[PDB]
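Based on the provided sequences and hints, a complete structural model is requested.
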Amino acid sequence: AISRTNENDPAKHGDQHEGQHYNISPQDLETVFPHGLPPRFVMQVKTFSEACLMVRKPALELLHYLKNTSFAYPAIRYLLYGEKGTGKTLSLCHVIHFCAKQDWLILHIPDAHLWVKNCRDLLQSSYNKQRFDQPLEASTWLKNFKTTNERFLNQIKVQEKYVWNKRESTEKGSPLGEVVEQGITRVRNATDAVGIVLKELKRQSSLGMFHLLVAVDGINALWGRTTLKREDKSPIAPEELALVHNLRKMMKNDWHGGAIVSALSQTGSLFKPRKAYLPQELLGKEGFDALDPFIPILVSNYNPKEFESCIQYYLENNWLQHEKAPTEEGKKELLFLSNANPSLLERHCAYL
Amino acid sequence: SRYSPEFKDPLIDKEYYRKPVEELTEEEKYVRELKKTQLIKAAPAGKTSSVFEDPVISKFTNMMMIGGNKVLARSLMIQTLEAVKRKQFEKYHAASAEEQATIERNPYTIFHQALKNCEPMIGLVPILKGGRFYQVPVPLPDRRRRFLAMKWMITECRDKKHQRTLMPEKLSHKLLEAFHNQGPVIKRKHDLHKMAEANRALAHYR
Amino acid sequence: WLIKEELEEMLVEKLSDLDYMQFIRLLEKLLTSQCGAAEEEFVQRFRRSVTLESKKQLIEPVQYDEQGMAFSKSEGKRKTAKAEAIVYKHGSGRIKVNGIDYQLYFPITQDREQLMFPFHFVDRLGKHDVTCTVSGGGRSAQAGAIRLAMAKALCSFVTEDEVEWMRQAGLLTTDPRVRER
Amino acid sequence: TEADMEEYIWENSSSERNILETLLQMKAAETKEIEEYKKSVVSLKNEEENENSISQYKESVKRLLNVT
Ligand SMILES: Nc1ncnc2c1ncn2[C@@H]1O[C@H](COP(=O)(O)OP(=O)(O)OP(=O)(O)O)[C@@H](O)[C@H]1O
Ligand SMILES: Nc1nc2c(ncn2[C@@H]2O[C@H](COP(=O)(O)OP(=O)(O)O)[C@@H](O)[C@H]2O)c(=O)[nH]1
Ligand SMILES: [Mg+2]
Numbered sequence: 047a048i049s050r051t052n053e054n055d056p057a058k059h060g061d062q063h064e065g066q067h068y069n070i071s072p073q074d075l076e077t078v079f080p081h082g083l084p085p086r087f088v089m090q091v092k093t094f095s096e097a098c099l100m101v102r103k104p105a106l107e108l109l110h111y112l113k114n115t116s117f118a119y120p121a122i123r124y125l126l127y128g129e130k131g132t133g134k135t136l137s138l139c140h141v142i143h144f145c146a147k148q149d150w151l152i153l154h155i156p157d158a159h160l161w162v163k164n165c166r167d168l169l170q171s172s173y174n175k176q177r178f179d180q181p182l183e184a185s186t187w188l189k190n191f192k193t194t195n196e197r198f199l200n201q202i203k204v205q206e207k208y209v210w211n212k213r214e215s216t217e218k219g220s221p222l223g224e225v226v227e228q229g230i231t232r233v234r235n236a237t238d239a240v241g242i243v244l245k246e247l248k249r250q251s252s253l254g255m256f257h258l259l260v261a262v263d264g265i266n267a268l269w270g271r272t273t274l275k276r277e278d279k280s281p282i283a284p285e286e287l288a289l290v291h292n293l294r295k296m297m298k299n300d301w302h303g304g305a306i307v308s309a310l311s312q313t314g315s316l317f318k319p320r321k322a323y324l325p326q327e328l329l330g331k332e333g334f335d336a337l338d339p340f341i342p343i344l345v346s347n348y349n350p351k352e353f354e355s356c357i358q359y360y361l362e363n364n365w366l367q368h369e370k371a372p373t374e375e376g377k378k379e380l381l382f383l384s385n386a387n388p389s390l391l392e393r394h395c396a397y398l
Numbered sequence: 035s036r037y038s039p040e041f042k043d044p045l046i047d048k049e050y051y052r053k054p055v056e057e058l059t060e061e062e063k064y065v066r067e068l069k070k071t072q073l074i075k076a077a078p079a080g081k082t083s084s085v086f087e088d089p090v091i092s093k094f095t096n097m098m099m100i101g102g103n104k105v106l107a108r109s110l111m112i113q114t115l116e117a118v119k120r121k122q123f124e125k126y127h128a129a130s131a132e133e134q135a136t137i138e139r140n141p142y143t144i145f146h147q148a149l150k151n152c153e154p155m156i157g158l159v160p161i162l163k164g165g166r167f168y169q170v171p172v173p174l175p176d177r178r179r180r181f182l183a184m185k186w187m188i189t190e191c192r193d194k195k196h197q198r199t200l201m202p203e204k205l206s207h208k209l210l211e212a213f214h215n216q217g218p219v220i221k222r223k224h225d226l227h228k229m230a231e232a233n234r235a236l237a238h239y240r
Numbered sequence: 199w200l201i202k203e204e205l206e207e208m209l210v211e212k213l214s215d216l217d218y219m220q221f222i223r224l225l226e227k228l229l230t231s232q233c234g235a236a237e238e239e240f241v242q243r244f245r246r247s248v249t250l251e252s253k254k255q256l257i258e259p260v261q262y263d264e265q266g267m268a269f270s271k272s273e274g275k276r277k278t279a280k281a282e283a284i285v286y287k288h289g290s291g292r293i294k295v296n297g298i299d300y301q302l303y304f305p306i307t308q309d310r311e312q313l314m315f316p317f318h319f320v321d322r323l324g325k326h327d328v329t330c331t332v333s334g335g336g337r338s339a340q341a342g343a344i345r346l347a348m349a350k351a352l353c354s355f356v357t358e359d360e361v362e363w364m365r366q367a368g369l370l371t372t373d374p375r376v377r378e379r
Numbered sequence: 244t245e246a247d248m249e250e251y252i253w254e255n256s257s258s259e260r261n262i263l264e265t266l267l268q269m270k271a272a273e286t287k288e289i290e291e292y293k294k295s296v297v298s299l300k301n302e303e304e305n306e307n308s309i310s311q312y313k314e315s316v317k318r319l320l321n322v323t
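Chains as they are written, first to last, in the UniProt record's numbering: chain W, 47 to 398; chain C, 35 to 240; chain V, 199 to 379; chain A, 244 to 273, 286 to 323.
To be clear, the hints were calculated from the coordinates, so they are not data collected in a lab. Virtual Cβ for every residue (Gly too), placed ideally from N, Cα, C. Just so you know, not all the hints are guaranteed correct.
[As the list claims (entries may be wrong)] Sample of chain W residues lacking proximity to chain A, with all beta carbon distances greater than 10 angstroms (derived):
(1) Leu160
(2) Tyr173
(3) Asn292
(4) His302
[Unchecked claim] Derived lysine-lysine pairs resembling DSSO-like cross-links, with alpha carbons at most 27 angstroms apart:
(5) V/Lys254 with W/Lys378
(6) C/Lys104 with C/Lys150
(7) W/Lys377 with C/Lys81
(8) C/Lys75 with V/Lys280
(9) W/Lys331 with W/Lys130
(10) W/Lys377 with C/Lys53
(11) W/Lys92 with C/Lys125
(12) V/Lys294 with W/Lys103
(13) V/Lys227 with V/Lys287
(14) W/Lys92 with C/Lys121
(15) V/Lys254 with C/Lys75
(16) A/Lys313 with A/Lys293
Right, dumping it as structure tokens:
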């Protein structure tokens, strides 16, 4: 197995593992990634009965930056960008897996584009009447946040008395999990429960109780446009959604003790051309101003070593059933038809 | 036709040209020399020297096409192949040690064998002579039965009893049933071979 | 062979079909023998041209860019799409369509198959760089025009035998099929 | 107003205030770099955005934030 690496601990990967696949255990899969992985990588996991990630230069660089992070300085914003289907989401997942194994508190948003389109049950927030709530989209996130960070929900404790209704309230000093539970039971209080959680995690992490990772994929959605409408068929701005408005506060580097890692995505974007991939093009003026200063990390197509190792991984799983695919002519044809693009290569190898 | 009679259809086979001059017979040598003078049509969009090219699957895709939408037809075909491959992998991982030697996971093999299991050897021809139509049996040409297999598969997968099941999932299920000599299309082949046996005396009319 | 009516014109005499055939059989018998120079001229008197250039596609000349890299330019047309390709003698398989990478310009796999066809036929994938500019038509028309332009430009860097093979594969012939009125 | 502008003025901008606040926070936790940072930001805001400009901006920001 030339395409695999036995070092399955992301804290010890280095430049010598570039292009080699490391395995993620089922426990780490179900704990760290209830929602993170791309929809078409989950199919590969189910079919192969294993989740193996290739180690690449983007993720290695982003891990080397996070290892040398000073937790006294304000949180740094890292933005993964690159052409469509190049591996920025899975690099983000690699970094999330590294940070979960070092007992960070993972605040992972699988796709911020889902919160700005196709919402059927849109409400008006009782906390603030000029904002809207998305109980279905917030309660869905809360369950998986509980799954990923089940351990800390009892160690962490709120620092204010939160009022859900005249009957029901959470008192100061309660475990954070209760708040999460209150959002999971009564979806009417889901969006309010998410904000409180953020308000806690950004605050207490500064005090030094834990290290916080804010991993937001498709971050370009926050400062863009929506396809959500009121009852008078008027457009709703992203800042009028409480779920989006609370997440923008996590992006500002007015806290320390954590790192902010982001990944652009034109897939699922609204009112963006297909071939736009650069940070300004996707973020917009407002988004770039919000993130500036930030470190942009470029994700590219497979280099020849990585392409050969990916095809070797597929062959070792017996996933290329065409007889001519193993040959050299078949590899040249695959390389040309994909141009070493990981997504195109995976899609073309899917039905071969 | 915008092509004149002189123009001849091209030969896209990549291995044909690489065949050595020594292996050439006198007849094939003469054909090769003659072709040089002839005018050749432009190769059409479609077939290619690619090693993955499969004429049978291309024809099936062309026959699923509606209104020139070849992108959608090819998308459906590739989704069907992917679904077949995934179902076979799923069935393979849940199999015992000895049962894993008899599970096919190559989707192209399954597709070709399924279309082979549906080909009718004989058919019927409506012929009205005595004022009453008479369905006489006839043996089909290879092209005719190859076409009929595909037409029956597509018509079966377009039947409206299959309700809101998307085309790739229906087609993969039908292909995997026909792979094991089951399903309605094999029954349609058998019930034609039976209606052509119940009329083996009318053959003389032909 | 000289046809009957223009033979009559040369002779200034009306002649039948059978005597024309007899004359042509004599000419063939003379050709079979070890005819000399004067005899070959005599036979040439009675043979017009129908052109042997269908054998031979026109090879573009190799030009040199200011860096000293050798390249060749060619043009092609399909429906309303018109393409001009520049093929460099040495490259790594980088195709740029209108300044864009080919996989980004042609999302559909079929068009990439079409661009792959010419280099794949002569087993020279990954051995040239292509800079093409296409205009007009649609997706498939642009793909076909580019394919023709790359084939015509690649004719410069392959053997004459491979030029003939590409011709017989339909890779160097303009497709004349267009919308009818 | 800023929306009317067709050129980017770094002075008195969101970028300038953000970087000043970040550097004040770093000093509390504890120039040519700022010149190069503003050059990169002005390039990205006025000229065409290519990967070269993005990399120049990355290096400037890394030097400002002490990331290596
Ligand atoms: N590091 C990697 N390890 C394994 N497979 C990878 C890796 N990077 C990319 N791939 C392959 O590429 C496919 C698409 O990659 P990914 O989901 O990361 O896309 P992306 O770059 O985030 O793009 P998009 O804009 O579509 O979201 C993955 O499903 C997988 O097949
Ligand atoms: N139902 C409820 N929600 C609260 C309460 N307090 C805070 N929240 C939510 O948690 C978030 C806290 O973030 P905050 O900084 O206060 O934003 P703010 O709206 O401008 O005040 C708010 O956006 C609210 O949505 C509370 O006492 N009751
Ligand atoms: Mg993505």
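Hint-by-hint comparison with the structure:
{"no.": "1", "hint": "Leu160", "in the structure": "holds (27 angstroms)"}
{"no.": "2", "hint": "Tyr173", "in the structure": "holds (28 angstroms)"}
{"no.": "3", "hint": "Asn292", "in the structure": "holds (20 angstroms)"}
{"no.": "4", "hint": "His302", "in the structure": "violated (7 angstroms)"}
{"no.": "5", "hint": "V/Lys254 with W/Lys378", "in the structure": "violated (30 angstroms)"}
{"no.": "6", "hint": "C/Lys104 with C/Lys150", "in the structure": "holds (25 angstroms)"}
{"no.": "7", "hint": "W/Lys377 with C/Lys81", "in the structure": "holds (19 angstroms)"}
{"no.": "8", "hint": "C/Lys75 with V/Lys280", "in the structure": "holds (19 angstroms)"}
{"no.": "9", "hint": "W/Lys331 with W/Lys130", "in the structure": "holds (21 angstroms)"}
{"no.": "10", "hint": "W/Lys377 with C/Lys53", "in the structure": "holds (23 angstroms)"}
{"no.": "11", "hint": "W/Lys92 with C/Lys125", "in the structure": "holds (12 angstroms)"}
{"no.": "12", "hint": "V/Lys294 with W/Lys103", "in the structure": "holds (25 angstroms)"}
{"no.": "13", "hint": "V/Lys227 with V/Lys287", "in the structure": "violated (50 angstroms)"}
{"no.": "14", "hint": "W/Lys92 with C/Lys121", "in the structure": "holds (11 angstroms)"}
{"no.": "15", "hint": "V/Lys254 with C/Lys75", "in the structure": "holds (15 angstroms)"}
{"no.": "16", "hint": "A/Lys313 with A/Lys293", "in the structure": "holds (12 angstroms)"}
The structure fails hints 4, 5, 13 (numbered hints given earlier, in ascending order).
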